[PDB]
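Okay, here we've got a single chain as structure tokens, the form solved without the partner chain, with questions on binding and movement later.
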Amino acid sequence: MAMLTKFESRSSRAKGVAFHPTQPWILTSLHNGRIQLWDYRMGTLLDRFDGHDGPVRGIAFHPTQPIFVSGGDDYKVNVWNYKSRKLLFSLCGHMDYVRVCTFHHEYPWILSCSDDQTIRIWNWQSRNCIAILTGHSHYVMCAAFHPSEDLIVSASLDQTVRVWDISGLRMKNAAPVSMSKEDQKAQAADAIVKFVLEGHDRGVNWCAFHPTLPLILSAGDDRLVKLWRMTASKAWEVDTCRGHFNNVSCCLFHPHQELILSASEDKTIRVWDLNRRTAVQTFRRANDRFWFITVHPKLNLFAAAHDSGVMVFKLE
């Protein structure tokens, strides 16, 4: 397989990247605390955003609203409007580095996870934290909403991947209620762990759902990428991709081909077969560790963050 590079930015270490759903943009979140907005069709720098102190690992666009969210080592989950170019507010509550932040595709929610061993769900309209998911016993390195089901998957340095049922939280946060102002409490099961996936012998750095199949991918400091399957009642390990020679920082499913992608501190991006879990192709940079990979929500277009910036590319 061949990599067709479409855009590269050279910079100090990049940690996160996010594709805009409809515009030819990527947000890049940097170790230096800044966030860049690039047009990858023209190679132009559209804006730069400075609202964090220290590295910013979390970064995502809302799918339809003119918003993006960022999460930093300063513990804040920041919500911005990219049209007015301004920081709207900070969501505070995490007590250690924020590792990932994303928006839900339908509900007015933001998902964040943190080294404080928690996953938080926020309602970005009310600006409240509506759930704190506890149960991991070390840093939560990744969390993700399922694309069609009321599930979250999370990965932790406790060596586990957890699947959480948030159907209760959805029912409760959506239910309309009338409120008598004078009759409120004077300072008065939503998310339940469904599966705990055990198998990695070291910390887990990343987890991903497949967009249409009941599969989970996870990757970690054991240099392995694992494939898991789930039903309504069970979840189990299917197989392992073996080949990386250093920590695997990120992994994802190719949304339109039977392929798995992973990215590693071994300075490679690897492609594997979804059915055989054998190697298909290895792409290497000489001096740059990879920290993150993502795929466009519709196009076969990928982006990777590494020690010297970001790249946007197609595959053969």
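Residue numbers count along the first chain shown, from 1. The term rigid core refers to the maximal set of C-alpha atoms that superpose within 1.5 Å between the two forms. Shifts are known only where both forms have a C-alpha. What changes on going to the form solved in complex with the partner chain:
Taken over residues common to both forms, the rigid core alignment between these two forms yields 168-170 as the one run of three or more consecutive residues whose Cα atoms shift by 2 Å or more.
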The other form holds:
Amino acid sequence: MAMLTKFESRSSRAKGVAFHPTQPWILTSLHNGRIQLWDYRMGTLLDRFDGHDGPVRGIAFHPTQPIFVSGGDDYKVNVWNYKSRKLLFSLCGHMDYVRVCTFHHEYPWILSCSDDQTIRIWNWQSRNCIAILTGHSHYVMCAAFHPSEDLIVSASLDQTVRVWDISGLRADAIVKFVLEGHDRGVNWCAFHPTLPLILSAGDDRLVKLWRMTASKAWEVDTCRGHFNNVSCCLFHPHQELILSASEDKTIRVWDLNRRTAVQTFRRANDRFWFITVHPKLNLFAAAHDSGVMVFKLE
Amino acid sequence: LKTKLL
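The structure above corresponds to the form solved without the partner chain; please provide the structure of the form solved in complex with the partner chain.
Okay, now the whole complex, with that chain kicking things off.
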């Protein structure tokens, strides 16, 4: 597989990346506490937002409104309007670092998760917390909404992946599955957009694929390779492929049905922390120690 | 005492 690199930012370490739905922009949230807005067509730094102390691990655009959300090691979830260029409000509530934050695709909700061992759901119009999901016994490193069902998947350093039934779209939330298999902490999880599958990535250097029925869930297979912690993973939305990124300085592509290696991409001296895909285009971004790369695959 | 700081 070929990587067609479209843009590379050079910066201090980047942690999060978010693709705008219609403009050729990405937000990149940095370890230094700054949030950068880049035009990746021209390669221009359009703006920089300063509203956190310490790393900014979570970053996401709203799908239709001129809003983005950021989440930081200062424990805050911040909501911004990028047209007016203003920080609108802070959702404080988390009691330790925020690891992820994202908007729901339809409801006026923000999802966040934290080292405080909770996943929280906020209504961004009323600006209050509407749900707190407890159960993990260590940091929650990742949480994500299912694209079509009332489910959330989360990953924790407690070595489990959890699937939560959220119900309460209309207690609010119950744990449906607890997935054990990783022998070390789990850093990331993802839903397939259409199949009942989940991917996870761990400090065991493994990416695991799981499947769900209405009543059961279990481990399908393992992507073996990576020689350090696997930071992030996702399903290719248009091909039967798995993508993963790791502190071993590689992005790897694997076949979804076989878990065989397809391609490895390396950087000389940059650990990878995060990968994402554009919500409409076949466009990917990866965050690493020296900035962010935006690329297409074959 | 904390982990995953990078």
